[PDB]
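Enquirer: The lines below spell out each chain.
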Amino acid sequence: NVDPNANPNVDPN
Amino acid sequence: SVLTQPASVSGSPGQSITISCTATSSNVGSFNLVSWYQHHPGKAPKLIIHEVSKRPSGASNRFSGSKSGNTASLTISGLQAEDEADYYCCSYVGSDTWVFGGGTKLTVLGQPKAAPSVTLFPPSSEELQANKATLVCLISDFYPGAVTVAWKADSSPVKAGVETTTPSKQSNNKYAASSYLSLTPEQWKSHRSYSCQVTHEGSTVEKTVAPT
Amino acid sequence: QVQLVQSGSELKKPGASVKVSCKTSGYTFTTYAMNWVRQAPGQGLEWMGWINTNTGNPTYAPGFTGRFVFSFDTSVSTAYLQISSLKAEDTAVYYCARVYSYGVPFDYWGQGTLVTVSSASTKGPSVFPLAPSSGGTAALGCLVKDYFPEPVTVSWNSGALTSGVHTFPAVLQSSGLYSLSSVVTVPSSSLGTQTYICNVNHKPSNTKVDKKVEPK
Ligand SMILES: [N+]
Ligand SMILES: [N+]
Ligand SMILES: [N+]
Ligand SMILES: [N+]
Ligand SMILES: [N+]
Ligand SMILES: [N+]
Ligand SMILES: [N+]
Ligand SMILES: [N+]
Ligand SMILES: [N+]
Ligand SMILES: [N+]
Ligand SMILES: [N+]
Ligand SMILES: [N+]
Ligand SMILES: [N+]
Ligand SMILES: [N+]
Ligand SMILES: [N+]
Ligand SMILES: [N+]
Ligand SMILES: [N+]
Ligand SMILES: [N+]
Ligand SMILES: [N+]
Ligand SMILES: [N+]
Ligand SMILES: [N+]
Ligand SMILES: [N+]
Ligand SMILES: [N+]
Ligand SMILES: [N+]
Ligand SMILES: [N+]
Ligand SMILES: [N+]
Ligand code: NA
Ligand code: NA
Ligand code: NA
Ligand code: NA
Ligand code: NA
Ligand code: NA
Ligand code: NA
Ligand code: NA
Ligand code: NA
Ligand code: NA
Ligand code: NA
Ligand code: NA
Ligand code: NA
Numbered sequence: 001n002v003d004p005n006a007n008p009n010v011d012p013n
Numbered sequence: 001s002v003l004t005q006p007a008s009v010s011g012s013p014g015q016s017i018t019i020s021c022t023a024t025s026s027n028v029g030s031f032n033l034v035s036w037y038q039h040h041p042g043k044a045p046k047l048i049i050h051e052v053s054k055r056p057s058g059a060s061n062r063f064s065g066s067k068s069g070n071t072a073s074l075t076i077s078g079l080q081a082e083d084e085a086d087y088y089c090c091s092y093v094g095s096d097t098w099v100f101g102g103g104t105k106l107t108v109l110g111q112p113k114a115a116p117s118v119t120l121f122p123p124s125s126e127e128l129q130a131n132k133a134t135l136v137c138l139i140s141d142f143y144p145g146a147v148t149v150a151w152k153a154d155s156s157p158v159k160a161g162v163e164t165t166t167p168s169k170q171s172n173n174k175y176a177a178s179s180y181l182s183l184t185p186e187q188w189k190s191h192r193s194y195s196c197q198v199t200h201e202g203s204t205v206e207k208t209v210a211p212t
Numbered sequence: 001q002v003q004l005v006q007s008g009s010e011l012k013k014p015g016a017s018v019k020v021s022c023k024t025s026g027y028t029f030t031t032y033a034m035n036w037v038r039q040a041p042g043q044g045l046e047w048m049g050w051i052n053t054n055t056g057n058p059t060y061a062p063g064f065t066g067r068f069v070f071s072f073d074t075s076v077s078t079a080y081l082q083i084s085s086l087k088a089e090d091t092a093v094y095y096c097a098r099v100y101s102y103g104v105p106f107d108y109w110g111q112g113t114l115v116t117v118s119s120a121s122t123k124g125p126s127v128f129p130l131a132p133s134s135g136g137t138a139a140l141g142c143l144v145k146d147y148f149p150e151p152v153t154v155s156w157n158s159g160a161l162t163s164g165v166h167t168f169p170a171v172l173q174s175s176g177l178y179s180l181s182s183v184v185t186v187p188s189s190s191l192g193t194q195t196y197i198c199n200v201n202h203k204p205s206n207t208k209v210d211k212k213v214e215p216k
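Chains as they are written, first to last, in our numbering: chain P, 1 to 13; chain Z, 1 to 212; chain E, 1 to 216.
Because the hints were derived from the structure by calculation, they are not lab data. Where is the CB? At the ideal position from N, CA and C, for every residue including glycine. It is possible that part of the hints are untrue.
Only pairs whose alpha carbons sit at most 30 Å apart, straight line, appear in this in silico DSS-like list of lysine-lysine [as the list claims (entries may be wrong)]:
| # | chain 1 | residue 1 | chain 2 | residue 2 |
| --- | --- | --- | --- | --- |
| 1 | E | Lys12 | Z | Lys189 |
| 2 | E | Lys123 | E | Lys208 |
| 3 | E | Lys216 | E | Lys13 |
| 4 | Z | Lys189 | E | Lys211 |
| 5 | E | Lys13 | Z | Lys43 |
| 6 | Z | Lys132 | E | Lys203 |
| 7 | Z | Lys169 | E | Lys12 |
| 8 | E | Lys211 | Z | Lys132 |
| 9 | Z | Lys132 | E | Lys23 |
Computed Cβ-Cβ distance ranges for the label pairs, DEER-style [said to hold, decoys possible]:
| # | chain 1 | residue 1 | chain 2 | residue 2 | range |
| --- | --- | --- | --- | --- | --- |
| 10 | E | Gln3 | Z | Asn61 | 24 to 34 Å |
| 11 | Z | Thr199 | E | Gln3 | 38 to 48 Å |
| 12 | E | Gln3 | Z | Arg62 | 18 to 28 Å |
| 13 | E | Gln173 | Z | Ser77 | 21 to 31 Å |
| 14 | Z | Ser66 | E | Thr31 | 37 to 47 Å |
| 15 | E | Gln3 | Z | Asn131 | 46 to 56 Å |
| 16 | Z | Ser60 | E | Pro41 | 27 to 37 Å |
| 17 | E | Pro204 | Z | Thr18 | 23 to 33 Å |
| 18 | E | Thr207 | Z | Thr4 | 41 to 51 Å |
| 19 | E | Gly26 | Z | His40 | 29 to 39 Å |
| 20 | Z | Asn61 | E | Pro204 | 44 to 54 Å |
| 21 | E | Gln173 | Z | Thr208 | 36 to 46 Å |
| 22 | Z | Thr4 | E | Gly135 | 26 to 36 Å |
| 23 | E | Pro204 | Z | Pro185 | 26 to 36 Å |
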């Protein structure tokens, strides 16, 4: 499930 | 919208009020990433709740939030005049997308009801002599700031040629609006009279004018 | 302090293009995503999409796929919204807003950029008198008709007459032109002696009108 502390802007590489 | 909010809520100073936000889609999943924004007109929206119930430092402690099932709720306690504003819920909806609720207009009833005063002008001779005709219906000093306007040619409704403003706040904190009926000079002169009818809080004030 | 500062209001014809800027300060631009939100007249906030400031990958909500481009320029920590082939229904206030985390979206917002799309052309008003004739007071005014764009200002008797003046917000007609009215309440006993003139000023068309309002 989505981690609320995670940053969506991260490079997913 | 994917999130349903009541169009409007109202309360008196000191009271508490609650604004609901119901998901109409399973795209919200567990529905735990719900945030709320306060929006005063012409200003930037402001985050006031996130993750359903978390109020950040720098937001008033009169704001709280909860959920039950698929309905999230914002509660404002000790209602104050500056709380008057639009309020939006917001949810994550998967795959790095977000959606806002339709918004809720909160009115803080800080003053007594005030019936509108209505002044209706007929077309001027100068405008008639330019082959145009405008009836002008001016509506002032009403509270709350919501009215509906209907026009009549004699006793029959007229909807063609009607332009009506939204209510706007006056300097004395009551509201004003105006409505215009565009006619040909021949329509104007063909009827015994025209009427502007302003409905406010269930009651109606009507003014009439006649070519002479 | 985190700041998002947007460019100024835009007035466009249909078919035109527009580019709104969102200049940031107070944080590292490429650390957080920049989102865009719209509010059309009489409507609520609508999420338009976002751009990842590390990868450049944009995400567009349905409804904003076709004519919209999110971009940025890291050299000046600025995000841009460009709209091609503008439509009347693109008329709205556009906001940029940062996302901090999944839990905390839209923590800082730009102040908004109004983009008006209209087929109307600049036009000075036609001013008609609203001739007088409750109680011992009479209402007279001026109808300020068919002008574009906003704003108009109205005074009475060159500013000498201020008590009893009510200048109403303009209506936006379907044709795209505006009309407003100004009305003043005065003693009925003065209609024979005192002259009443509304002073209308429409700077966008370089027009001013002084319209004498007399009985009958
Ligand atoms: N969630
Ligand atoms: N407060
Ligand atoms: N506020
Ligand atoms: N909406
Ligand atoms: N009132
Ligand atoms: N007239
Ligand atoms: N005329
Ligand atoms: N009025
Ligand atoms: N009407
Ligand atoms: N006021
Ligand atoms: N900001
Ligand atoms: N552009
Ligand atoms: N839209
Ligand atoms: N760009
Ligand atoms: N780009
Ligand atoms: N671009
Ligand atoms: N662009
Ligand atoms: N649009
Ligand atoms: N959090
Ligand atoms: N902000
Ligand atoms: N025009
Ligand atoms: N105006
Ligand atoms: N004057
Ligand atoms: N206006
Ligand atoms: N002037
Ligand atoms: N006149
Ligand atoms: Na606003
Ligand atoms: Na905080
Ligand atoms: Na926070
Ligand atoms: Na208020
Ligand atoms: Na009146
Ligand atoms: Na005219
Ligand atoms: Na009808
Ligand atoms: Na403008
Ligand atoms: Na064009
Ligand atoms: Na949408
Ligand atoms: Na890109
Ligand atoms: Na959409
Ligand atoms: Na003038």
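Enquirer: Within 30 Å, alpha carbon to alpha carbon, are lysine 12 of chain E and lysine 189 of chain Z?
Expert: 40 Å, violated
Enquirer: Can you let me know if the beta-carbon spacing of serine 66 of chain Z and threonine 31 of chain E is within 37 to 47 Å?
Expert: 32 Å, violated
Enquirer: For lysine 123 of chain E and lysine 208 of chain E, compute the direct alpha-carbon distance and say whether it is at most 30 Å.
Expert: Holds. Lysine 123 of chain E to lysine 208 of chain E sits at ~12 Å (cutoff 30 Å).
Enquirer: May I ask you to test the hint 26 to 36 Å on the CB atoms belonging to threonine 4 of chain Z and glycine 135 of chain E?
Expert: Cβ of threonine 4 of chain Z to Cβ of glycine 135 of chain E: about 49 Å, so the range 26 to 36 Å is violated.
Enquirer: Between the beta carbons of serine 60 of chain Z and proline 41 of chain E, is the distance compatible with 27 to 37 Å?
Expert: Since the Cβ atoms of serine 60 of chain Z and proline 41 of chain E sit about 29 Å apart, the hinted range of 27 to 37 Å holds.
Enquirer: Could you tell me whether the CB distance from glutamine 3 of chain E to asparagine 61 of chain Z stays inside 24 to 34 Å?
Expert: Holds, at about 26 Å.
Enquirer: Quick one, are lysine 13 of chain E and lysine 43 of chain Z close enough, alpha carbons at most 30 Å?
Expert: Status holds; Cα separation ~26 Å.
Enquirer: Range first: 26 to 36 Å. Now tell me if the beta carbons of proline 204 of chain E and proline 185 of chain Z are that far apart.
Expert: Once the Cβ atoms are compared, 30 Å apart, the range 26 to 36 Å for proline 185 of chain Z and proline 204 of chain E holds.
Enquirer: Is it true that the CA of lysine 169 of chain Z sits at most 30 Å from the CA of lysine 12 of chain E?
Expert: Status holds; Cα separation ~28 Å.
Enquirer: Do the beta carbons of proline 204 of chain E and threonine 18 of chain Z sit within 23 to 33 Å of each other?
Expert: 45 Å, violated
Enquirer: Going straight from one Cα to the other, do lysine 211 of chain E and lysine 132 of chain Z come out at no more than 30 Å?
Expert: This hinted pair holds, its Cα atoms lying about 18 Å apart.
Enquirer: Hey, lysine 132 of chain Z versus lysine 23 of chain E, does the alpha-carbon distance stay inside 30 Å?
Expert: Given pair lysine 132 of chain Z, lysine 23 of chain E is violated - Cα atoms ~49 Å apart, limit 30 Å.
Comparing the model with each earlier hint shows violations of hints 1, 3, 9, 13, 14, 17, 19, 21, 22; every other hint is respected.
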